Amino acid sequence: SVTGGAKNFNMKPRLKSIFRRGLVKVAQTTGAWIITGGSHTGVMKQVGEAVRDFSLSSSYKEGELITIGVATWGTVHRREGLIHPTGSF
Amino acid sequence: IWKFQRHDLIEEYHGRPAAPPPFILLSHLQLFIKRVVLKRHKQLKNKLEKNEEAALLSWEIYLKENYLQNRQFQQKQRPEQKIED
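Sequence order for the protein chains is U and S.
With the first letter of the first sequence counted as 1, position 26 gets the number 63 in our numbering; the numbers rise by one all the way through.
With the first letter of the second sequence counted as 1, position 52 gets the number 412 in our numbering; the numbers rise by one all the way through.
Quick caveat, the hints were computed from the structure, so don't treat them as lab data.
Honestly, I wouldn't trust all of these hints.
[Claimed, not checked] Computed spacing ranges between beta-carbons, pair by pair: (1) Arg57(U) / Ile384(S): 54 to 64 Å; (2) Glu371(S) / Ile103(U): 47 to 57 Å; (3) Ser54(U) / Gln441(S): 14 to 24 Å; (4) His114(U) / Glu371(S): 50 to 60 Å; (5) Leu369(S) / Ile55(U): 44 to 54 Å; (6) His401(S) / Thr67(U): 46 to 56 Å; (7) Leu404(S) / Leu93(U): 24 to 34 Å; (8) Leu417(S) / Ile55(U): 16 to 26 Å; (9) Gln441(S) / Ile103(U): 40 to 50 Å.
[What the hints assert, rightly or not] To list a few chain S residues with every Cβ distance to chain U over 10 Å, as calculated: (10) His374; (11) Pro377; (12) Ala378; (13) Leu385; (14) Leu398; (15) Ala415; (16) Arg431.
[Stated by the list, open to error] Result set (SDA-like, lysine to any residue): computed pairs, CA atoms no more than 25 Å apart in a straight line: (17) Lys49(U) / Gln429(S); (18) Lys424(S) / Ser76(U); (19) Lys410(S) / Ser94(U); (20) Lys98(U) / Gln441(S); (21) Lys49(U) / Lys410(S); (22) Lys424(S) / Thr123(U); (23) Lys424(S) / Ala108(U).
Heads up, the beta-carbon is just placed ideally off N, CA and C, and yes, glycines get one too.
With the hints as extra help, turn the sequences into a complete structure.
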């Protein structure tokens, strides 16, 4: 479970390097479950990008590093389109 | 040098039409009237799609750093480097 700064986050390049190799390398072998906050800002964006390019560069490899995000229902921008009374399949 | 020289004949014969020289005139008239009234093959040169090209560029630029790490790693293993260390 990775946590960090959401809206006001700044990082040196050396810190950026560990997310690309250290977090992804230790996530991809063991078959982990990266759980984090669901947001497009800050550190969660860094995890979201650094897990995406692995799936492209995997060259049709089996399995994907599964990622589950948890955020509050209140602070969502366009959630009025999400509420469907029937099963929004 | 022979492996290098292999290319250009294949280039020519891809460029050369398929009719034998007894019958190359049928192609010759059509090409001459085509250039009279009005382009390489796509199998050698092609403007790709830009979004496809961006995906390709991101792919190779991802692989570049994967090359570089093992490159400098094995370059650390020369004995002069261990002497300096």
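Each hint tested on the structure:
Taken as a hint, the range 54 to 64 Å holds for the pair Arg57(U) and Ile384(S), whose Cβ atoms sit roughly 58 Å apart. Between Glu371(S) and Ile103(U) the C-beta distance comes to about 49 Å, which sits within the given range of 47 to 57 Å. A C-beta distance of roughly 22 Å is found between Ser54(U) and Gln441(S), which places it inside the suggested range of 14 to 24 Å. For the pair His114(U) and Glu371(S), the beta carbons lie near 56 Å from each other, so the given range of 50 to 60 Å is met.
Checked against the hint of 44 to 54 Å, the pair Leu369(S) and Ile55(U) passes, with Cβ atoms roughly 52 Å apart. A beta carbon spacing of about 49 Å between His401(S) and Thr67(U) agrees with the range 46 to 56 Å that was offered as a hint. With their beta carbons about 27 Å apart, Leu404(S) and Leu93(U) fall inside the hinted range of 24 to 34 Å. One distance hint, 16 to 26 Å for the beta-carbon pair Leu417(S) and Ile55(U), holds here, with the actual separation near 25 Å.
The hinted range of 40 to 50 Å is satisfied by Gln441(S) and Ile103(U), whose Cβ atoms lie roughly 42 Å apart. Every CB of chain U is more than 10 Å from the CB of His374(S) (nearest about 29 Å), matching its label as outside the interface. Separation of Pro377(S) from chain U is adequate, the least Cβ-Cβ distance of about 38 Å exceeding the 10 Å criterion. Non-interface status of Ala378(S) relative to chain U is upheld: no Cβ of that chain comes within 10 Å, the nearest being about 37 Å off.
Even its closest Cβ contact with chain U, about 49 Å, leaves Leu385(S) beyond 10 Å, as expected for a residue assigned away from the interface. Residue-level check passed: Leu398(S) sits 42 Å from the nearest beta carbon of chain U, beyond 10 Å. Interface exclusion of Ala415(S) from chain U breaks down, the closest Cβ pair being 7 Å apart, not more than 10 Å. With a least CB separation of 15 Å from chain U, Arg431(S) remains clear of the 10 Å interface cut-off, as annotated.
Taking the CA atoms of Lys49(U) and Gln429(S), the gap is near 20 Å; set against the 25 Å cutoff, the hint holds. Of the supplied pair hints, the one linking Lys424(S) and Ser76(U) is violated, its CA atoms being roughly 29 Å apart against a limit of 25 Å. For a cut-off of 25 Å, the pair hint linking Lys410(S) to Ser94(U) stands: about 19 Å separates their Cα positions. With a CA separation close to 38 Å, the supplied pair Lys98(U) and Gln441(S) exceeds the 25 Å bound.
Distance check on the hinted pair: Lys49(U) and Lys410(S) sit about 32 Å apart at the alpha-carbon level, beyond 25 Å; violated. Pair hint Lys424(S) plus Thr123(U) does not hold up; C-alpha atoms about 48 Å apart against a cutoff of 25 Å. A threshold of 25 Å between alpha carbons decides the hint, and for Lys424(S) with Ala108(U) the separation of about 35 Å lies outside it, so the pair is violated.
Hint violations for this structure: numbers 15, 18, 20, 21, 22 and 23, all remaining hints satisfied.
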